[PDB]
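Participant: The residues making up each chain are set out below.
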Amino acid sequence: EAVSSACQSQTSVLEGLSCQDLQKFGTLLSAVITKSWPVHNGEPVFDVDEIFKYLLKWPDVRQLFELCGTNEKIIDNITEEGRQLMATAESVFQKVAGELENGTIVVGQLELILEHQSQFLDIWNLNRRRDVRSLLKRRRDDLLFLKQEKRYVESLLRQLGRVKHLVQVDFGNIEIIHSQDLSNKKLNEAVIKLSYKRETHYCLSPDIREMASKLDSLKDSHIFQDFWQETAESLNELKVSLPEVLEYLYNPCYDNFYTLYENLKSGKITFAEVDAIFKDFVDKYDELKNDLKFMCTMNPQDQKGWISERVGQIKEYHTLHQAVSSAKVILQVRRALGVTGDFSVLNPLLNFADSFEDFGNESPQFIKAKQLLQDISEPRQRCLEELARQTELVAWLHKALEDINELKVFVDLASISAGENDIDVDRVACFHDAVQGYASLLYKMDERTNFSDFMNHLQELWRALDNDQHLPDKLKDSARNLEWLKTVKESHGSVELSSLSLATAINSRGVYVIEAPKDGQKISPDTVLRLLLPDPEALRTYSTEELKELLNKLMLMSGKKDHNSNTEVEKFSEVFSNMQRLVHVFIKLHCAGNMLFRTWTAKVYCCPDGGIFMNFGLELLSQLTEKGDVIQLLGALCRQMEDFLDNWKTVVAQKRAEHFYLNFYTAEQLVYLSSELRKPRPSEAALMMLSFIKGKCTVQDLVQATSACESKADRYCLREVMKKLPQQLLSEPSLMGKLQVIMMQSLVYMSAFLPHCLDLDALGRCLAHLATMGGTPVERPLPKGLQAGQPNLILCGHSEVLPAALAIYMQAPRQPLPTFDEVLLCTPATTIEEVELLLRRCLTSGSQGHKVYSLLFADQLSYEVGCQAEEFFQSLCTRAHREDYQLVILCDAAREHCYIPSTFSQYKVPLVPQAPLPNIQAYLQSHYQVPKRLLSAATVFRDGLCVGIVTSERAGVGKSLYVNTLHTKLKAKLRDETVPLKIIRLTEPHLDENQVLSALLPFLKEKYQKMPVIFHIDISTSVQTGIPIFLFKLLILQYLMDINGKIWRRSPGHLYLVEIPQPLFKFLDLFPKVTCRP
Amino acid sequence: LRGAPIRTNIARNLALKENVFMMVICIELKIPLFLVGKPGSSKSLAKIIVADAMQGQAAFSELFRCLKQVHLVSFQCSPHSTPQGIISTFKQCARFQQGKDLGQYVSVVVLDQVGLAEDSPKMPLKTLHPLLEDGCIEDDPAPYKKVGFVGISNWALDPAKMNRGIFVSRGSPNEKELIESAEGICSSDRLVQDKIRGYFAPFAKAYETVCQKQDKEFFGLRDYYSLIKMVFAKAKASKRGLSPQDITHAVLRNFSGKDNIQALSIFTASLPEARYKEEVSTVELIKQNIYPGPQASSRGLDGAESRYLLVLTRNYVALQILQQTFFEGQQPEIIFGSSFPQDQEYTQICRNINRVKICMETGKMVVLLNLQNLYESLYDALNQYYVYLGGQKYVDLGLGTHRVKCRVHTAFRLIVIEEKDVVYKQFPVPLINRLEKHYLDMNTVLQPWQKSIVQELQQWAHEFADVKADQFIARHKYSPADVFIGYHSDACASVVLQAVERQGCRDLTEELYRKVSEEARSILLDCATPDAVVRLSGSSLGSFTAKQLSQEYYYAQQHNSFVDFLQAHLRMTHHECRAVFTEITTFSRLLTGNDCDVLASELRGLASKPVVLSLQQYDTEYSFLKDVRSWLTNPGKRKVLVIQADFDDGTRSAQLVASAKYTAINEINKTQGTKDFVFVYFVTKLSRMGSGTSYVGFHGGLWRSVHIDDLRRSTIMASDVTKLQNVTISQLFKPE
Ligand SMILES: Nc1ncnc2c1ncn2[C@@H]1O[C@H](COP(=O)(O)OP(=O)(O)OP(=O)(O)O)[C@@H](O)[C@H]1O
Ligand SMILES: [Mg+2]
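In order, the protein sequences belong to chains A and B.
All the letters of the first sequence, read from the start, carry residue numbers 1 to 1078 under our numbering.
All the letters of the second sequence, read from the start, carry residue numbers 1 to 736 under our numbering.
Don't take every hint at face value.
Here are the simulated DSS-like pairs of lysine-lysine, each with C-alpha atoms no more than 30 Å apart in a straight line [what the hints assert, rightly or not]: (1) B/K68 / A/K627; (2) B/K670 / A/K561; (3) B/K277 / A/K137; (4) A/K164 / A/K53; (5) B/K122 / A/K518; (6) A/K553 / B/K670; (7) B/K122 / A/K315; (8) A/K150 / A/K289; (9) B/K609 / A/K553; (10) A/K548 / B/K364; (11) A/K649 / A/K561; (12) A/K214 / B/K38; (13) B/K364 / A/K561; (14) A/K655 / A/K694; (15) A/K315 / A/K399; (16) A/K35 / B/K239; (17) A/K164 / A/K193; (18) B/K126 / A/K279; (19) B/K609 / B/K670; (20) B/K126 / B/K91; (21) A/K489 / B/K277; (22) B/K239 / A/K571.
Everything labelled a hint here was simulated from the structure, so no lab data went into it.
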């Protein structure tokens, strides 16, 4: 184990051991040779290269072989598997080692032996006892020539491809021979005698090889690539071969290079090539030294006095040219600066600039002329160029500022005027630094100063430029802001406070307000918070989005590096976050259904020591206010609010668990019902939605339910709480205690706080009473083969699920049809609350009837909704229920992979009930029959069915004409009919029931439209994925839903008609259908 | 192109000239433009150069002087876009061109990712058709309403609707195009370009091969341009040409991360001379990416820089290694979507963005954690293009419908830490190309012999719980989790990381192997419950190793009480680190408030009144932040802060620790001065009912984990249980 550990690292294990003990040394050698093996997840090799690499890289294998071969009394006793492995290793070594006497060796193993020469020589001398020197030297020389020709090919290919855009050259066979890797036998190189060696690179002739040798001698010589490119331009497209390129393209280049060579050798070159081909070596010569040394590589001749003086000429010419440029730019900035002055040494300079000379020698009279301008800079003349071209800028400064002292206040005037952004605030500082740097020549400049003073000023500008090399760019981007620089001094009242200043203002006197607005709009988080900033007496209101973008703007302020700014901005951000979070908890509560916070409102004074001001919409409880720092008060208020939300969801879950019928409606329908039932003459919306429990509810029955629900004992209890509460409020000094006790009393005794509503208990009692007056309870037995105590899962098929359910319910002839209860048609993205309500309706004790509760299209619920639904179902079976419930779940046959079908695999009834289509048709048609003595719109239909689906194979037949003629036939009888004919054109795909519900809303919420109204729905041919669910929700279940609002109930006496044009084909046959033909 | 202001290291490909051409002609004729193309098609660069090239009267060229002035109004197009945003942008430019010279001033819109919101759920690009004809909607057409539009998209665009514009649908950049762009990018220096011109064509060939190899669009043009700029900078700084290590480093850095791509092999096949036969690991590539040289970014302007890094990992391991052996001297800030209860996401991302901006201005490294929520607010800063002004770099950072330029320091690096699966299946390809990919998950840093250390320690700690004893009549096999609290089948990797980091020398001498193994053993046993260390006498380890490890557990390491641990800790110095952060796991009950008072009572010499923090009350991040700020504000030296975290309760304070820990360290890195030491201790109470095994392992890097049985001191029993092992109950009652 220890030797396995040691050889796992790359250390040496045995190097000088005195271990003459034979058996034990053999045991440790077996251990090392079984644990130093190249394990690759468990004895994979099937190859000989890796074994050889391990042989040649391990400092203990050669010692092991030495020790095992020195004496014959050790190998005999090592191990059976270890001896097998070292025999395999010796065989592998012999295989790769008899190969080197021939060319059969592989190149990779050859470089591997050359990089471990000592290891290989020792192991070869060891194996010799069972040539080395000459064979290995000859082989390495062969390899060296191999790499020499390979690099020749590489460089020739690269150079001929650098101009690949001009000409293409087919490279014989090398283009494929060189392409392949270096994993081929050495014998392919064919090292022949009688001397020459022709390798796998079938070179056309040795002339190409010597051309490649010269090209690699000047592969990097920049001058050579320029010459070669310009001579390659001479050919121009052309598919040309190698042999003729030598004289078409290489020979002219080499000839020009050779002639230019002897030209520089003579020192007779002219200035035309000096400024034509040496134009990219400006202020860079050492690499030019090495390039010109590369130049003398090709000719086997010395370099003793050739590059030094010639590069001196090059650098002196470059200095001369940069001096001309500096002189002309300094004269330009001088004449632009307006100073007359005197230099009197640059006239000969510009005269020479207007001169042309042809010689490569040293200008000798110009040494004194350039002495004044030897080492100005290679950079830094660009600053003066910018100064020269920015005449407008300096003219404006000397028409506006004209001095250095007032600048100290000028930028200050800018700082307030500049914007809040980082760019806006950095403009002032960049302009300030630019003018501070350039005052050396912009302010210390007279209309007449001499050369020496100008140079001293240039020197002090130089020492002003050493620390900031960006000064010219500061001048540039400040000059580009000339309009702002103009308008800052003539600045009028800038009426825009700031992002940070307005932060301080809203922190100083901000008033956050939560209202839950009484106007018609929604209760979305955007419309439930407002902000007031007062002043004078103007007061600006702020919306949530405006506040959020304000937060963005002051969150992207620049760097002011002070405690005040960042502390105040983060305080404002923090109070905004806590305010939004209280809004969050409040809106969660509001959507939970509270009746205590509907008329709640809250003012939060962001001012320090501003506190909070709560308010409730009732006269029997006084206002609630605090004081203190807003941040921890708001934290406490939010913690208490969330805890109250948890308690409220708990109490509503418990109270729903007691009354069944109060589990019918959704939470917001509960709050609407509690509000409405206290009205003496309730509107028709809640009457219609009560018609789903009592059925055909009226004012008298509802007042009977609401009058026989309460007792005077409850009134005494409320009087007790009213006489008890205010002193409880005054008991706790601060508001936290009185808040906790008011909310606790609300949870325990609610109905006294709002003597204009009903609590959950009163609502449940009223609904139960309406159930008691509305008798003849509905009974529905299960089908054959369906268990009556456990979930009945069915996997029917997408075109059969709905008929399956409609046949399951057929087994109750002459029983009233199902409604939104016990029949839940699921759609993707269905609110969890609706399935929770269905599960409650199917697992409550108080039902006065046995009914089958069906969950259609179960797989279509989302993943998270399905998970929550299953958790609630398991919980509700865990606590308590009635053990005679009929629960049927229907899924799609091909959609078994979803959550709720997978989780009911054990609770599966592989039966798939169904009934013949005429049976379902007779069921539905007979149950749609309106009884006589009802004064219905169905009288004109095919003898009273109040439902019709109008369809045809092709359009343009007159289905709408049939609808209108039925309407006018009804108009013919029952004179003075004024019968409305609503038309709804459902047109978008992914059909939405809310649109048709809303269009249907204003028609029976009036009670003056109880007269027969022949509704006529119509459809468009782009509704592909939304027909069946809506059709079955409206015509069969007789209801229209909304998660948070009223419920529309189809009524027996309002005739409905749905056009549908021509999957669904079987479905349309279910309802009492009419069809028309051309 | 020549009339436009020049920029060094810009290539004259047909691409760029074509986009800027079509752009200048269309916004002059007020014609919509729908420039599409794969990432690296120079569309955004075309937008910027057109914006800064077509100024009216102050134009650098006389031709752009005779042409109009342009004032675009940007509008980023996130997939969560609303038509109100584009309507607002259009109204803004309609006001902008209202009252100004129509023939010399024109305002246009740009939707840099218009193709992204083609299938947004809110139907954003559905009122654009009337907008691009009569200026605005639900109102009269009028002058000062006609507005240009450049619908830049990095994705294939629907042509049927957008036909009214000009679809300049850029194709795949051909090999000649790539060699031309190669020539143009390195145009900054003439001399080295003629030395490195040869490599350009094989680079293009290999890049096209790799781009056509993987169906996924993991590699693109931005990587190629970064590669060529990197080799350009390396050659120009080295001034002698190119050594093969430089080329392989460049291709490795700008091409990596993808699992089924041996891009090094693909490039080196076409470059047989540019072979490398030595091993170069991801660790040094990260060290080069994050720590650019002193000679780097030291000359005029910043044309040549590395890209921001995006580490690909799995099981969220990158932070451990990065904080162990790379983040030296200065610890970068860590930004994340804090998991504290009831924090709104918008405020949190705003705060993260502000911290990002502060770091960029100051020049302190940023290590991100969540990008699927702030990618749309960073890719412009991840575009690495700078709007220079005063010689200072400025980048666009955007919050909602608000994009604002902001400063960036010249010494600033950014790291995005993400897992392999999330990037490969959720990360957008433009972000992939904007970010320099690199995979360093768990094994890249780990040497093979260090993996052997891992397995040997694994088998060593697998039999540490292996005890067979008849001291009790019971048969309960002990898991390695229970003997070493926290162990999670992976903590061996983290602990060996910690060990090699502690060694520091990081070589192989056959002595470092042994000592790293032994320090790893020490770190393991430092998180071992005392009952286990005393049962160790009869466990499968043996009974001499039992004595030795018990000695180390009770004599060298301190495990009697929290106060003894604090004294021993504060007595000794550290690795010059201003602060030391220790995590404490306990079975005793968390301190209750008088205990910290007495704790300071015997810490009157070193501590500064340590404060305890209950994590069930911090229903906001800022409560913790303000507490930490207060604790740093109070005077003193060698202060101590302790955070209690009961894992065994009904609360949710189980993963929240993560957020809290980062926050605390973040606060220090941004709120501690330069003249006070800090010690932060995180204490957690665990049970022996299996909650002491379901607890995650040794969070490595910047958390020294350790296990104290009971926090409170014990005056009654002795502090050394080995003597109690030696003596019997009788010997406890002997008289003097
Ligand atoms: N002609 C070019 N020569 C050299 N580099 C270029 C060229 N065009 C673009 N780049 C490089 O591309 C990056 C800028 O790309 P840019 O942001 O313009 O992308 P894009 O293709 O327009 O797409 P997107 O719309 O996603 O931004 C820089 O890193 C820059 O170096
Ligand atoms: Mg019709």
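Participant: Going back to the hint list, which numbers does this structure go against?
Facilitator: 1, 4, 7, 9, 11, 12, 15, 16, 17, 18, 21 and 22
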